[PDB]
Every structure is written in C-alpha cells, then in structure tokens.
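Work out the full structure, taking the sequences as your base and the hints as a guide.
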Amino acid sequence: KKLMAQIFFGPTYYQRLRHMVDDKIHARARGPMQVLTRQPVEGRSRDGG
Amino acid sequence: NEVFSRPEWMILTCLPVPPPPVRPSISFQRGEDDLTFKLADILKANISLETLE
RNA sequence: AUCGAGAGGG
DNA sequence: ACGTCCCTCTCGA
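Heads up: the sequence lines are chains A and B, in that order.
Numbers in the numbering used here are just positions in the first sequence, counted from 1, shifted up by 124.
Numbers in the numbering used here are just positions in the second sequence, counted from 1, shifted up by 2.
The set of hints was computed from the structure by calculation and includes no laboratory data.
Be a bit skeptical, because a hint or two may be false.
[What the hints assert, rightly or not] Quick list of simulated restraints, FRET-style, between CB atoms:
| # | chain 1 | residue 1 | chain 2 | residue 2 | range |
| --- | --- | --- | --- | --- | --- |
| 1 | A | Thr136 | B | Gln31 | 51 to 61 Å |
| 2 | A | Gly173 | B | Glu34 | 23 to 33 Å |
| 3 | A | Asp171 | B | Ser29 | 14 to 24 Å |
| 4 | A | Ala151 | B | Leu37 | 33 to 43 Å |
| 5 | A | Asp171 | B | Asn3 | 47 to 57 Å |
[To be verified] Computed list of chain A residues with no C-beta within reach of chain B, every gap over 12 Å:
| # | residue |
| --- | --- |
| 6 | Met128 |
| 7 | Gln130 |
| 8 | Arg140 |
| 9 | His143 |
| 10 | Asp146 |
| 11 | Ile149 |
| 12 | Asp171 |
Even for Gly, the Cβ is constructed at its ideal location relative to N, Cα and C.
Next up, the structure:
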C-alpha cells in the first residue's frame with residue numbers, strides 16, 4: 125500500500141561515532157575483589173561492579 | 003566522662019598499632035602502605051628521643 | 001596493581 | 001565551610 129503521508133527523502137551525510145554497544149556492555153555477579161575495602165572493583169576493564 | 007572519655011587522655015601516652023588490613027602490602031618483592039611507612043618514621047622519631055632523654 | 005594528572009560519554 | 005549522580009577510555013613514578 126502507499127502511505128497517506130509522503131516522505132522527505134535525500135542523501136544526508138552521516139558519521140559513525142566511537143561508541144559501540146558491544147564495547148559498552150558489561151555484567152557481573154560475584155567477581156574480583158578489592159583488598160583494603162573488600163568491595164567490588166572499578167570497571168569493565170578489571171571486570172567489576 | 004568518668005570512664006569512656008577522661009580528659010587526661012587527650013594526651014597520648016601509648017599508641018594503638020593498627021594491623022595489616024588497615025595498611026596492607028602489595029607485590030610491586032612487596033611494598034608496604036603509607037600508614038606503614040609513617041609509623042616507622044614515628045618509631046624512628048620516637049627511638050631517637052627515647053635515648054636523647 | 002596503588003595514588004597523581006589528562007580527554008570523552010550520557 | 002563544602003562545593004550534582006554514574007560510566008568508558010588513555011598514561012607517568
């Protein structure tokens with residue numbers, strides 16, 4: 125079917141940015157443990173809370 | 003207070019030595035903790051004065 | 001690993 | 001006198 129609304133359409137220049145979800149995701153349930161505070165540890169890097 | 007906070011004890015005669023968990027060491031062969039080094043400096047600053055007097 | 005400084009992300 | 005919450009990187013004793 126057609127669309128009762130027409131659509132504005134052209135080639136706008138876009139750009140990839142440096143944020144990938146797979147680079148951002150992270151999970152943790154028990155895991156690495158700091159030594160003076162005995163709590164979890166900081167960041168996706170060191171895989172923590 | 004008659005037991006929990008005498009005033010006479012805002013003067014430190016004996017000193018509490020906190021244990022390793024307060025001031026651990028980490029393998030960097032090791033390497034003690036800011037509060038460890040400081041207390042040797044106190045036990046070096048004390049001794050010298052122990053004998054002077 | 002620890003502290004110190006630095007750029008970005010909503 | 002303390003001076004918004006969290007998060008991802010990168011680098012010098």
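14 to 24 Å as the expected CB spacing between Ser29/B and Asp171/A, which holds or is violated: 20 Å, holds
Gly173/A and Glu34/B, beta-carbon distance inside 23 to 33 Å? 28 Å, holds
Given as non-interface: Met128/A, which should sit over 12 Å from chain B by C-beta: 69 Å, holds
At the C-beta level, are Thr136/A and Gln31/B separated by a distance inside 51 to 61 Å? 59 Å Cβ-Cβ, so the 51 to 61 Å window holds.
Whether the CB-CB distance between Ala151/A and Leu37/B falls inside 33 to 43 Å: Holds, since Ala151/A and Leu37/B (Cβ atoms, about 35 Å apart) stay within the stated range.
Looking at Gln130/A again, its CB stays over 12 Å from all of chain B? 67 Å, holds
Take a quick look at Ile149/A and tell me if its Cβ sits farther than 12 Å from every Cβ on chain B, holds or violated. 30 Å, holds
Is it correct that the beta-carbon of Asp171/A has no partner in chain B closer than or equal to 12 Å? At roughly 19 Å from the nearest Cβ of chain B, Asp171/A sits farther out than 12 Å, so the non-interface label holds.
Chain B versus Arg140/A - minimum CB to CB distance exceeding 12 Å, so not interface: 40 Å, holds
Quick check for students: does the CB of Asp146/A sit more than 12 Å from each CB in chain B? Given that every Cβ of chain B is farther than 12 Å from that of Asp146/A, nearest at about 33 Å, it holds.
Against the range 47 to 57 Å, how does the distance between the Cβ atoms of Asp171/A and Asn3/B compare: consistent or not? Hint holds: Cβ distance 49 Å, inside 47 to 57 Å.
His143/A clear of chain B by more than 12 Å, beta carbon to beta carbon? With a cut-off of 12 Å, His143/A remains clear of chain B, as the shortest Cβ separation is near 34 Å.
Going down the numbered hints, you'll see the structure goes against none, and every one checks out.
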